[PDB]
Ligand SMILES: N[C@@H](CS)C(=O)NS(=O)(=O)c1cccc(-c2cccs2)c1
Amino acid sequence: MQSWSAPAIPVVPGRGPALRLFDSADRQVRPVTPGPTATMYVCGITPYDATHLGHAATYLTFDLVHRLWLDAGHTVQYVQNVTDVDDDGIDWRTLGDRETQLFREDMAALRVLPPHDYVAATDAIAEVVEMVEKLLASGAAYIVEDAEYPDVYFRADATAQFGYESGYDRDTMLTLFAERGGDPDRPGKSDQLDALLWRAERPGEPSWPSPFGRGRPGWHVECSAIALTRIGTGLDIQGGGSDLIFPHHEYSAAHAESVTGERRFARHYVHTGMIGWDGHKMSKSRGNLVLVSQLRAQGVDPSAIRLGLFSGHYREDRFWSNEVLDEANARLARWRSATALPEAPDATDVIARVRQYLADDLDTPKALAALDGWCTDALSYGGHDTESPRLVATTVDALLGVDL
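Just the structure of that chain by itself now, the form deposited without the named molecule.
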């Protein structure tokens, strides 16, 4: 499926430390040690809702991972999905296709590297059916005892390690399950936390054939199946927003560990903070939705959006504000001024520190502040290095995606 166009990626000479990331499971910062090809599955967007700045912040976070892996010479397999299953006046495809296209233009304008496999959830029905078949034949799944709606459910206890990815207690799991798409009170389930794998065909819903009856795939098995068939057991990073910690990434990992037998679906679970506005979460109800195309219409440099979001650590829940935008504009204007000078101070140390800072769990505040300091040195004192203004500009392009 079509994603978006990639920008030119300049080559930064030299090399920096290997990337280390916070793992949500272990709750600690550990090395990311991929093979020659580095693998990444980030959960995509839902076209039936508005894609806002918090969502963009997530894909920008994994853009840095992608760019840092490219800087270290890895070839990358970036896989991303689109949750076009479940959730009007005009058909659900019409207004749904438009949100996906606007997402492409928002990603392209932000110079986000596109995934190598953009897999719609409707183009992966067979892969899901394959995994459910394996899960049923091993006893990990069952068919609920219902006459008209023989739903297929994944046993919460199919994996001994269930709950390792989120750390949540069972009550917290039950409370989140109800509010994030689960059906803890569906009759016939052996355990409240059992996860739907195949929803039985209901009258009025589109359906797909399968050996266990017609219906639709479950949310978590969609992602589990796409990642398994496109990347396999050697998945370096499972990524997404923090709301996906439970249930989504717990069950999606449990499904895959059940079929493959491996202890860990992904070597790293990497979760981003949310981006709110005025002390409030962003949603269509509150009318506080801060969109990327809204800012672009208002004449906001996309690079300024990146720097605004990078001014905070990717794991911090934080808030967008006009003060944040103003500081990003001032920073962008100052970085552009210094990198335009014909000569500047040597940039070897700051580029080294930037690479170290980004390797240290994507410490973009330290990276931004270190670049601020060199720019201020360049503009206050000058220098005799005729290459460092361009060297810093291309470093900022390749590693941060910012176009000066």
Second form
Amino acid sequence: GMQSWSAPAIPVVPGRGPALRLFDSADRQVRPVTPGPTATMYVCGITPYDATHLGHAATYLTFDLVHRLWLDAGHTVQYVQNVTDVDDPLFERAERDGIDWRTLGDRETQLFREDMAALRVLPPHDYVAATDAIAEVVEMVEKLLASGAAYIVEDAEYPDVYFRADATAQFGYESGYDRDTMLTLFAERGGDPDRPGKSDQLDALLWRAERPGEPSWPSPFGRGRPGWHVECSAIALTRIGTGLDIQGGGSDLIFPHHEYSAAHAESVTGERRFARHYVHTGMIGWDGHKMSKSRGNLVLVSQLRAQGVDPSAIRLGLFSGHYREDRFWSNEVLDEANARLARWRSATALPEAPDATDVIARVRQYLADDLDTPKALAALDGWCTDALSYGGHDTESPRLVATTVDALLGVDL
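Now that we've seen the form deposited without the named molecule, could you pull up the form deposited with the named molecule bound?
Partners and other molecules have been left off, which leaves just the chain.
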């Protein structure tokens, strides 16, 4: 659909380690990721404003690990990401910034492209803009109208189409929150608990009808725009199908977003489980709020690259913590990545070093354990201390360690 970014080289490392075990946010426990021969991943993409902040980075870098660890095990991978190129935050940024919303999003998607290519994240295989996915969303919203799972609000001028929360008996399994806590998040994450004519406070917009002053598209439900959640479950369903191994994104999406996407797809395919694994991750600004230009807490990787930070240092930086930990960027973390990058690059430049077959198996093992990069970086800190301090005799373990750090981690040594 849309052009993504370019793929870095992917060396193949001989051998295999343990199969991936990931934490599933839904079941609140670590279960094995058992994929098919074609392994499938959908990660919620960007809303094209605020370039690539470290929250975006931390997120797509984490699924890079899954992407890469899957490839090393021998799986072929179908990775679909999306762009929310029409969205209410986007319009608010456009109107404040005195710039057109489409011109904004196109330039911001371009900035994301370059930051991902700079960070050596493997591209998705289908890159789908939300505006390029109206037909799929209409075709879906038709099917939930037919099953009564959706309805049209009693508003002839603004005939919004809404999704019944109880359209599905298992609604709430992924998020796990009670109704009181679900309500108060809905209002803080771009939803309408006060919209008149609604059957349930927690029903989610499926098709927002034409408002004056707003872009829109024709449909059997009137003219207007799609809703957020149905966008992603539509693209996910049509490009992959009922057997989705991983659904991932930033942490805010545990609810509403991912809860409702699953609810939509399950209500139309009859499936009980939309995704075998729900995976969430994220960075926060210095203030404990999500990063945004509005808050004055935005750090762009573009600004770090300008500050002269190696893109690999950004990887080691963010990987120094576990992905379900409370990651925070700082000059402290930047220096540990810079020292760690220096230390690793000198060991891999040695003429001969001790055998590495072991430390490769320890790294393959730590990553398969819910992506345990803290313990995987330390095993490499140790193979480096032994090599620099004491030396070895494999004239091949330098290059082998370099190229396995590249394949599995994306770090360029």
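Residue numbers count along the first chain shown, from 1. Between two forms, the rigid core is the largest collection of C-alphas that superpose within 1.5 Å. Residues that one form lacks are left out of the comparison.
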- Query: Superposing on the rigid core, which residue among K134, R180, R170, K281 shifts its Cα by at least 2 Å between these two forms?
  - Reply: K281
